[PDB]
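Working from the sequences, and respecting the hints, build out all of it.
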Amino acid sequence: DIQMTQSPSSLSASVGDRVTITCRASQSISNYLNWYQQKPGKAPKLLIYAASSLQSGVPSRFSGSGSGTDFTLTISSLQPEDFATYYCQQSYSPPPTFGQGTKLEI
Amino acid sequence: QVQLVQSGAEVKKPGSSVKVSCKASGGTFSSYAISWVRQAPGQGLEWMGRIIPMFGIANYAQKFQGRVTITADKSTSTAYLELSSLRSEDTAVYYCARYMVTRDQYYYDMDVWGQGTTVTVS
Amino acid sequence: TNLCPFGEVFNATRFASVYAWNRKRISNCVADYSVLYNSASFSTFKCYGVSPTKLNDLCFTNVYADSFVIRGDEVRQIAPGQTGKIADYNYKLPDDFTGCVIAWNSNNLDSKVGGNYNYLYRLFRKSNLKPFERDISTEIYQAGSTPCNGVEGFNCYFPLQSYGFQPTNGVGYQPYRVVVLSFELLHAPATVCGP
Ligand SMILES: *[C@@H]1O[C@H](CO)[C@@H](O)[C@H](O)[C@H]1NC(C)=O
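Residue numbers (PDB author numbering), protein chains in the order written: chain C, 1 to 106; chain B, 1 to 52, 52A, 53 to 82, 82A to 82C, 83 to 100, 100A to 100F, 101 to 112; chain A, 333 to 527.
Just so you know, these hints were derived from the structure itself, not from any lab.
Just so you know, even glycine gets a beta-carbon here, dropped at the ideal spot from N, CA and C.
All clues stand as given, with none of them false.
Estimated spans, in silico, between C-beta atoms of each pair:
(1) A/352 x C/18: 43 to 53 Å
(2) B/82A x C/11: 39 to 49 Å
(3) C/59 x B/72: 35 to 45 Å
(4) C/74 x A/352: 41 to 51 Å
(5) A/456 x C/76: 31 to 41 Å
(6) A/416 x C/17: 50 to 60 Å
(7) B/105 x C/105: 18 to 28 Å
(8) B/1 x A/413: 32 to 42 Å
(9) A/500 x C/80: 29 to 39 Å
(10) B/40 x A/426: 51 to 61 Å
Given below as structure tokens:
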């Protein structure tokens, strides 16, 4: 059914840097999308459960945005906590396909 | 609060079926969905199927429908995936994860993930 | 001869949630309604076709105790004559009911520090339910020309929403248990009367 794509494949950064990432959807979504991160060889964790709504216990390092398609996620004052790979995922029609992922190098 | 804990790794001969499981702790399947996700090694995540243990209802993505079955026994707080006919291309890490299918008219926000099971062949 | 199960109806710690409302039935026994009216803890005893003090001297074909839990500020819905999510979709009493509704604050009994998602109410249906209809089906409710295929998404809803009974709830957000004692008279081959 729905398809996802997510850009770029990788970025370099520094501790305290500001960085932004994008995901795009092949049917429109009315902001039914989520974001996750996973550390190399460990379980994914959810950061955002709409365009912008942050999940509980997550630090203020993250924000998200979008409108029907072309969503983004941003890191402000980037940390070793943010070395993770990040995935978008649409929730608008099943199955809830995840993005290809993106890599941040500290 | 609720913490999923997940079955240890499964090594099996090609085609011969597999079984893996998740069980809750600090609670149970209180009308959550639990649903299964592949992390094939270095690929994107892929979604397999919903189950709502409170009702036993389950459904699958087209790619896995027929190959797989998922099931649960809520009184023992345990849900299972079992997969037949395996390793066409497959040796993924398998995750169970919950999402709160009664908390809002919003879904698939997987707020807690199992430890992950390696499932693989030789 | 025997004494009625009211002593257990008001002391079972496990109740179903309203979409799946429990029913228990009264027969061949002494129905002490009056000691219910002596209760310390109760928070409504509003009755229909009766006044509760006198009930003990009356005789009946059957009584049903129907029981469940509700968010307090919507307890008003349960009795006749008013639309609202419970009366519309979960538990509707007749045009001319006869019986009594008993309810009490249960936050000390029912709350959990996470919200107790074992408590559920239906909030979507294709039409409102008839008197004492019951429906534990949970197939996806559509909200557009999309055939939902029995799986959830945009315009495709799981029918049951949870109450989320936290300890940090105001007087009306708190969980109130309810029992509806539904009565019946007829030509009256009774096996239920009070002492
Ligand atoms: C319910 O339990 C209490 C406490 O044991 C008891 O006093 C009471 O008689 C029981 N029955 C009713 C109808 O309250």
